[PDB]
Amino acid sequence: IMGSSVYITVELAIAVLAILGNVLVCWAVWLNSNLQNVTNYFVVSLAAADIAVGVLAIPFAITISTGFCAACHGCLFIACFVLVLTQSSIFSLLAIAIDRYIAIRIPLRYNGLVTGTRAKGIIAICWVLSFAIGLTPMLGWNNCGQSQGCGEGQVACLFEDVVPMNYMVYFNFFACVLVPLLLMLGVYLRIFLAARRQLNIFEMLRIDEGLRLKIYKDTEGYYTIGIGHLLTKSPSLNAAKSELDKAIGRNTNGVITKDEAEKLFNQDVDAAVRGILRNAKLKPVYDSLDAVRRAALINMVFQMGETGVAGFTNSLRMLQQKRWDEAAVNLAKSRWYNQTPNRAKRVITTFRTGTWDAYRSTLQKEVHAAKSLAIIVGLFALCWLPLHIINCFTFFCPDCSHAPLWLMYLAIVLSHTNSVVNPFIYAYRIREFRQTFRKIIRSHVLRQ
């Protein structure tokens, strides 16, 4: 066996899987409506880039490993085309990170901000930039436009001979790869840290009622901000903003910080507690509860009012008798539960257990999917960094012994493997993909 016949076989095998695997990803999104969200718009674009790697980039890699004589610019295309595909991938991974960001920290305006129309727009633009960036050497930044054994008008097509290293290190690596990766690292880290935030009465209603940092109109058209904090019933945004500046103690222009929204909420809680203590029915029960169960009672007052909660004569009684399970069953038979089952179910769980479980679960499911996608970026980095780092060595230490050929082509094979791993990850960690794959393979591929 030859030392190259292996290189060629291995890379042809990689190409077949790259194509088959990523065709399957696109196939699923087309068939399944539950995979036709905006997030998978970028997954498909990413899958497209990986298919193109198996079809063109890899054959180009093999062709160029011969060092054959070719025209300058024609040689640059074969060598640089893969850079186009790589850049596109970067943009796709970055857009996924951001998408998951404003979907987990700012859920209230995700669908009004992230739309299919805009996604397609951003994708189209990113493909243009990818060509502009990947084919920059073709635009003039090269080493042939000014070489023997090939005759004039031609040069031996060796990567390091035609593609400037200062381009590969400064522009390609540092600016176009390194920066996005670190940016994607910061975004995911912030997503994760948010799911591990410390829970309390503020984070409790932030989930049940939502958080707004810009003045908005409530269900009945009243100016409101923060967590359900009504400013005024006057039909004037101007007047609403003036009320806000009075409460905050500064010129807000209709926008406050998270912290400031919390101070308003704290005040709202204090008032509710005072109202509860003036009520002869609620006081005995409130006083007998622990801190967490009190928050669940305050939660109900924020929704139904103090007179409303005081109507639960029997459920309240059980609560003071610490008959948590009985109270739960009874509260479940209410018209309140029938109206808002999700919110009520969480509040009731809080009465049952006396923990923040119901609210911690919401955050841990609202992030589990982002872990799957984050793994995608980690593997990309792992598959591409080695090659980038070797370039830096060659570049920064000119008179050192160059990396041996075996190591060089090993880093190249590795980077190509990155176009195979994604489909496997979707199968293992994402349920709706796995189920669609099984359906496709069994029905359309085996045909039964």
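Heads up, when I say rigid core I mean the largest set of C-alphas that superpose within 1.5 Å between the two forms. Residue numbers count along the first chain shown, from 1. What changes on going to the form deposited in another entry:
Looking at CA displacements between the two forms with the core superposed, a shift of 2 Å or more is confined, among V273, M165, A369, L185, to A369. Once you line up the core between the two forms, the Cα of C69 stays within less than 2 Å of where it was.
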Given for the second form:
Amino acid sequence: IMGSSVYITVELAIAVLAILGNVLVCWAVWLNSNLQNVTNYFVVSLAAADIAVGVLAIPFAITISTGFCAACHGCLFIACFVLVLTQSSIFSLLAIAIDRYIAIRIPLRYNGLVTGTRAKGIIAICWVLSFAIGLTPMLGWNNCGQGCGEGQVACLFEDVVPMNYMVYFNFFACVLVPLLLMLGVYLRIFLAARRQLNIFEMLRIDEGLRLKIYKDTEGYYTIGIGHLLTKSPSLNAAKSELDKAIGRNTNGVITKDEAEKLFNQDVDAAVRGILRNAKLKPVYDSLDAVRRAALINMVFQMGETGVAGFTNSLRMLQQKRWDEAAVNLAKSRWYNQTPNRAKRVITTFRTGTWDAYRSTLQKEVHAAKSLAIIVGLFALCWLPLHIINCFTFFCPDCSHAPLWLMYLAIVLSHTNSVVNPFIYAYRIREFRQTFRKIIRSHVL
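Switching from the form deposited in one PDB entry: structure of the form deposited in another entry?
Since only the chain itself is given, any partners or molecules it might have are not part of what comes next.
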């Protein structure tokens, strides 16, 4: 079997899978309303980039390898488009990555930051950037300012696209940097996923963390986790009290480190409050650190009068009757009014461990494994090819990778540029379910 014949065959087999698989992803997002959030706007956008990679880029990439005599600029144009379209995937994959970072690590600012308007804008930015970079060769940086006769060359990627372009501008800027950002995103999600738990993380999950001043339920300026600054209607008075509490000019913004110093002051304040209260003091003294955190949690929610309202349930906690206490607390107005928060706090009371709060993280251990898969593929599929280029460009004298290896590298580059949404999308239950619903219907 001819080598070239095996290349064209595998490459078109990829072309089709790309089309079929990614249509599938856009189909799912079209039916299921519950899939029509903003993340999936980035997913579809990649879906689409990848469809054009399958329908256009791959056929042009094949052409580029046959070496027929073409007008240099005609063959430059074909070459450029494959660069544009593969470029679009990479960046579009990166928007997906950055979308996830914000959704997992700064979830209280995600809506008012990645809205539908901005998403569509960011997609414009990706596509415009792809053209800018991929069309650069045509604006002059190319291999034919000065066999086949005059004006024509053998149509092969390396005959029209300069190797210094591909290494210095394209590799370093359009593969290495995107990859490196994706790596940092993965790692930072991972550290969030597997974070150590304590009273600070506990209340962040229940109340949120703000690093910037916001007006509250009833118009009062606040910061961190639940920290009232002033009742005064002035942002300027608010920031002034913030500076006095922190110890520098904030301009209304703090660090996570600093909001922990605040939270701890508020905790000390709740403990002092509890110690003065004769209905709570004994219950608090009898408990262990983690159940103490549960008791303090209720207080931050209801104040101390309210917590002292649970006479029966407080009694049972003092007598160490955990299951009997849990059931008692679950009958309240508190449970019915805010059930998620209460069930987590009641489990904490039942167990003396952080389990209820740990489970809240399993959805981001999920997200981190996904990013890991994407980034690992991405490195696998894009590096051999660009590493091959660098060796050719820096060390032209030295031993070559053999033909089948160099060509496999291209095949790999195009596999990632197609099967990327699908893996991300396949690992989500809501997608996986919709896939099944089409497959056992419109197909059959």
